[PDB]
Amino acid sequence: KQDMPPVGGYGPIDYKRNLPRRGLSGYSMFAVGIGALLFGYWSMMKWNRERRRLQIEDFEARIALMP
Amino acid sequence: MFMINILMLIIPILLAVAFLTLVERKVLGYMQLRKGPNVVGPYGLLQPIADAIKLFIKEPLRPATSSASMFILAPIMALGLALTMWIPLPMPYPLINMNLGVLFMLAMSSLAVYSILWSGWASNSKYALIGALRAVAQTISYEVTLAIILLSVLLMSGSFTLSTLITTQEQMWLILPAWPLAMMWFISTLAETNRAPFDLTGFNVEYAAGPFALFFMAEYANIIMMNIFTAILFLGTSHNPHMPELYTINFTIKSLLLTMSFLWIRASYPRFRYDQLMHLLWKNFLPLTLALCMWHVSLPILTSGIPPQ
Ligand SMILES: CCCCCCCCCCCCCCCCCC(=O)OC[C@H](COP(=O)(O)OCCN)OC(=O)CCCCCCCCCCCCCCCCC
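Protein sequences, first through last, are from chains E and H. The UniProt record's numbering runs 6 ahead of the 1-based position in the first sequence. Mapping of the second sequence onto the UniProt record's numbering: residues 1 to 201, 210 to 317, in sequence order.
Isolated chain H, as found in the complex:
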């Protein structure tokens, strides 16, 4: 019955974010001195189930100015890899015991920039032709700021696999030796997944009611994934063999708080005005990243504290 483990992970994670656009607004609501969905719920909880019906009733008119083989091709991969990246992830048991998987998350997330280059290009002119380029051009700059400081904690945790990562953080909450890295982890991951401070993000305006919902459903799929990926890495939880249930109780509830942070930072800040936006990476972020890359090499050597593998 391996197949029923599959359908009881893909389907119960769609409702995890289909019932989040509700939570998106209510958290936005109770900052502005206003209430949530009032007339339909009653507590709101009957709102998105009706709105999900509308986007498949309303007519998806196609552009006559574009091809068709390319235009639906980008929503094919949009649910493809952005859901595939869930697979070797433990809670506390992953679906696949990959011998190396931290490279595997970056290997799949590097194809996220390979989808936006489709929809703007094969569609139309200007906005969809030049405006969709720059968004790749910012999101190519946030793998080098991502992968290097990623590598600086594998030097101390020990290896590539994720199953040993739980045991090595059973006493630590490893933000404490890497609270400089904690900023440049969370800032960079915020910037890649196309959210409110780091936004410039025509690659949506042409999509009618049919395939706009996908590239609204896949984009949300990313954002709880960078929450659940930071969750196992920085804020590791306790593990009990005889009680596996107690793991997952205090597992998702910690990722759910960091899920609110994307909703919470959005309610504070303006944009960054694109010329500054890359200028604050190379000139400002990247020299500190190399310095702390040199830092986590010498110190486990000058401790005789090399992690075993």
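Chain E with its partners taken away, still in its complex shape:
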């Protein structure tokens, strides 16, 4: 008399197949790429030109002496 089949309690689990967790698509990408890229170029011309100012300063001490 002690056999298995239970009265209730069932799901089931799915046979489904989906995980569309997107994801900033469709022209939202290529937008964070370009602006941060020119931001790095914007970081230039305030350092290389600044080091160029120090570069003439470095060559200044050479020319002032040597007579």
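These aren't lab readings, by the way, just hints derived from the structure by calculation. For each residue, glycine too, the CB sits at the ideal point set by N, CA and C. Some hints could be false.
Simulated coverage check for chain E against chain H, where a stretch passes if three residues somewhere in it have a Cβ under 8 Å from a Cβ of chain H [what the hints assert, rightly or not]:
1. 38-49
2. 53-63
Chain H regions said to be covered by chain E (calculated; three or more residues, Cβ under 8 Å) [to be verified]:
3. 169-181
4. 301-313
Fit chain H with the ligand to the supplied structure of chain E, relying on the hints for placement.
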């Protein structure tokens, strides 16, 4: 006491990778829901010291089908240049102040393909004769993909020497103007040093317990070197003259994360099936490399932002 600086760089870098085959597996371990070395360590840390003893106990039988003058010649150069390439590298002070050294790294790494052509050829037949050829044939294709985009950042940094490279990146983290180059830097360097996605890599199977360990010890020597070479180039750190110690604290710890990346990419991906593997260089990589080579010339001109030297 110049000599004691030498021995306190060659010897403390061997334990830097002899204790990495441990770290190779444990990082591989805790992805697969499994633990590290459990019985010997206790925390693993007593494992590779015993395994290093075994390969010099176990008998190195020699091939009767090969020469001897050529067969041990390739492990001679294997520790030769793959350790010599460490020398003009700053932390923050290099051992040698070379006036030009970025060419010097490529000059030494171009002889890495000149070692694999030895061991497969002088040994034996088929596998060691044809199979060892193709591996040169892939690794000859990754100097042109390496050296060109290398040259495109010297146009903006300023010169050839490496000591000025720290000062010019003191505010930048120069991946930000070269994040397209950051892929083709790291992909190409991954492919040359013979690792898991870019692998086809008989040039090992003939080596017994003696000289297999060298061409396992030299190959690992390369991989932290392409980590430490990308480290000074892309992800530059801050410099303090009055506190040199604080440099090296946040220097190797950044290279150690990128060291994990070779261990981390290995746990994801399959191979590339050799006919595609060169086809994805010429057809695909190389036209973008020429385009960005033209890009970093016009833009420092059309900024009046030429780097001084
Ligand atoms: C106009 C403004 C100026 C211009 C700005 C424009 C910016 C553009 C920036 C582009 C630069 C990056 C692109 C470089 C090319 C990337 C390589 C590539 O895309 O190849 C695609 C590869 C080949 O196959 P495919 O052609 O796609 O054909 C199958 C089609 N279903 O198919 C693939 O997709 C496979 C991917 C390559 C396989 C290797 C992947 C291994 C994983 C590497 C992980 C890298 C992690 C990031 C890098 C580390 C960071 C340092």
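Exercise for review: Mind taking a look at whether chain E covers the segment 169-181 of chain H? Criterion is 3 or more residues with CB to CB distance under 8 Å.
Suggested key: With 7 residues close enough to chain E, the hint holds.
Point to revise | Assertion that chain E covers the segment 301-313 of chain H - criterion: three or more residues, beta-carbon distance below 8 Å | key: Holds: 5 residues of the segment 301-313 of chain H have a Cβ under 8 Å from chain E.
Check your understanding: At a Cβ distance under 8 Å, does chain H reach at least three residues of the segment 53-63 of chain E?
Key -> Coverage by chain H holds here, the residue count being 7 at a Cβ distance below 8 Å.
**Study point:** Given coverage of the segment 38-49 of chain E by chain H, checked by CB-CB distance under 8 Å (3 or more)
**Key:** holds (count 7)
Checked against the numbered hints given earlier, this structure breaks none of them.
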